[PDB]
Amino acid sequence: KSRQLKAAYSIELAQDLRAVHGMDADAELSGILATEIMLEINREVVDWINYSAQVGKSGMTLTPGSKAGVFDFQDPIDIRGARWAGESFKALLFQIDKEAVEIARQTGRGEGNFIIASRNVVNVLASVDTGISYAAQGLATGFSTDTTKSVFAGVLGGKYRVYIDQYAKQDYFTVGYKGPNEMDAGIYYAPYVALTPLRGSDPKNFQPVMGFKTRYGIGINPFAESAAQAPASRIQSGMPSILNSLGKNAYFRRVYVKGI
Amino acid sequence: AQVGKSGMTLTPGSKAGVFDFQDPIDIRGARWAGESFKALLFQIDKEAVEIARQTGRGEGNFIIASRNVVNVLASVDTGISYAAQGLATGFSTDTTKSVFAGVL
Amino acid sequence: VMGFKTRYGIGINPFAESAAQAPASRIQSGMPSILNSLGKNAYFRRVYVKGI
Amino acid sequence: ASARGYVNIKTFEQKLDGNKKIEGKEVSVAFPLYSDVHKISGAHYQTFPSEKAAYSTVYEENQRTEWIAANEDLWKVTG
Amino acid sequence: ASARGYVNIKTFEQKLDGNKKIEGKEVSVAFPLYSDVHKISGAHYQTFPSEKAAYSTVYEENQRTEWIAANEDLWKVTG
Amino acid sequence: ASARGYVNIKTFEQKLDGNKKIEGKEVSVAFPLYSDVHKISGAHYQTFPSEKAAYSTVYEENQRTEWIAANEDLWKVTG
Amino acid sequence: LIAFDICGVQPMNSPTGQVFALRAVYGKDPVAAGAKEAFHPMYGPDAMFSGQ
Amino acid sequence: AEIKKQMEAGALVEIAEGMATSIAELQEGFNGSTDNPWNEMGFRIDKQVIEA
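Chains as they are written, first to last, in this note's numbering: chain A, 14 to 273; chain B, 7 to 110; chain C, 61 to 112; chain D, 2 to 80; chain E, 2 to 80; chain F, 2 to 80; chain G, 82 to 133; chain H, 180 to 231.
Chain A extracted, bound-state conformation:
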């Protein structure tokens, strides 16, 4: 599947802009177009990871008296009777670790080894002692809590690569598994053509034009659902949809969080 963007800018603007602000107008616009395309693409991948994720803290990962899908810091069951943040934040770590195990149970490839989460979740992780200790809390240390300098925040317990979803809609974390192979991720991004510039001008009025075009393709790992014994129709699309990835991808589990 393709993507493309155009600039199509006027001459008089470039002339006046240079005269007054010193900007080129051509260079600025080509910069923007190429940049925008890559930003849009990266978001597409993240959205598919969450789209296809299973509901976490569900089924075999539930405490029977729980709310079925959300980790609530104000709920004494979810926080295991914990007090202050020093004992309570660790309860979230327990649910995270429990989710990672469930990912291994369903994928058969490995335990969740990365976390994509909201800024609030990461600040919670950064501000708590994640090792085994009575309790502890304080100013955030181990994980960047920013998004400005980097998306990658740090490694949780030396176990999970934590990234911040700078656009998290609510507040949540997704625990996911990624193997060493490009065939072991559940979600794939497979580029074919990228950022080929096209240039010209319309020979009636000579106004310059330009734009860029790409072609990628995405897909779902055979066995991503994992539970199914067999696919329908034998020869099937690997492109994600309602009938093949939504809420099914064994590589990911999304747990909502509340009470932070």
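The hints are simulated quantities; they were obtained by calculation from the structure and are not laboratory data. Just so it is clear, CB atoms sit at the ideal spot from N, CA and C, and this is done for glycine as well. Do not take every clue at face value.
[To be verified] Some chain C residues near chain H, calculated using beta-carbon distances under 8 Å:
1) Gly63
2) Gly99
3) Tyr108
Dock chains B, C, D, E, F, G and H against the given chain A, drawing on the hints supplied.
Structure of chains B, C, D, E, F, G and H alone, referenced to chain A:
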């Protein structure tokens, strides 16, 4: 300044813009100065994080605060540790020598 | 396909109207118009002739 | 709304003679109108800027001569 | 008048589909209004500046949203 | 259904001559049928893929010549 | 005093200064209602803009 | 003759003027504009013959 401890930085049971040390939601259920003072540090970082979210330039770099807030910070172990409180140490608390009172 | 273009503008000398002590609105166009230059510019006077 | 702000003008009552006074007046003048023409000097007054007219009597930019007359009126003497 | 001049916009009739057309429209928009918001592009149109509205339908600066809607309406397709 | 999806074809109504027009039409053609034969090139058209026919008029794969007549028809000019 | 360690200064040697600002705007018309900004820190890209 | 008299009287007078820059930037349908072509020019090369 915008109201902090609001929207993304608001705990659902909190009061929107105020951190009350006697309120179990704000202090995360804590009991003891050695625990509740640290809870304030947590909220401070949440505010710093949002500044980065909205400005796109960086996390908050400074705090302007009352004497009471500074004494709370001054008297608590600000690192990640089990629990601790005592006499104020590394921050100015007076306002006769200077306005600047160290770095949190 | 080919062609040429220019950009220039033609202005008016401040005080050319020589008929006001306070030009309306204090910031006004220096370009010629029906209202500010037609038959008014003190620097030029035109006379038609006949009978030569 | 002029959307250019207003100049808020206040004239303070003056005592001129036995049974003769200049009444105080409170008006707002569209900024560009004030900028174009005014006649306020030696008048026993105060002025200030605002986003919106501070007074109920406002001279919007599309007035010109009503405002000019209004300036002369700031000197009017009555009983 | 806006006293800032106007952007005069004219569209020309175009056929869109069977029994679907966009009729030409003639509007004049206070310059600062046009400048703040416009969505005219791709419309089969012409524009020009003027000191006074060139057209019978004029949108003054303080009309803001009447104009924005009026501009998007240049694309309305009717029988 | 074709079970291979459809090509959804829209021909935009256009004027050809004095009181002569090619009527706009929206049809769906079984993907393999469209691939087999089509005459939509230079036609003032737009197409897209779908899993099911997007339109009420559909040329199913087991039609061959009905679709061929239908293609010729998209070039037919009437009153 | 707190000096100015918490603010910018940009001192002036003339009255009334001005600052410009640039926004990358998508959706054909850069100046329009609904003219979403490309690099605003609070908003993601319209992933379905260049695509479907 | 009638036109010349009106010119003499100042009733109707000669004028020359360029295009607004915003019109020129849109010619020949740039950005969806319409019916706005550039004005154009060419040549004619003709001949005459002389017998002896």
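Honestly, which of those hints from before does the structure not fit? Nothing - there is no hint that the structure violates, so all of them hold.
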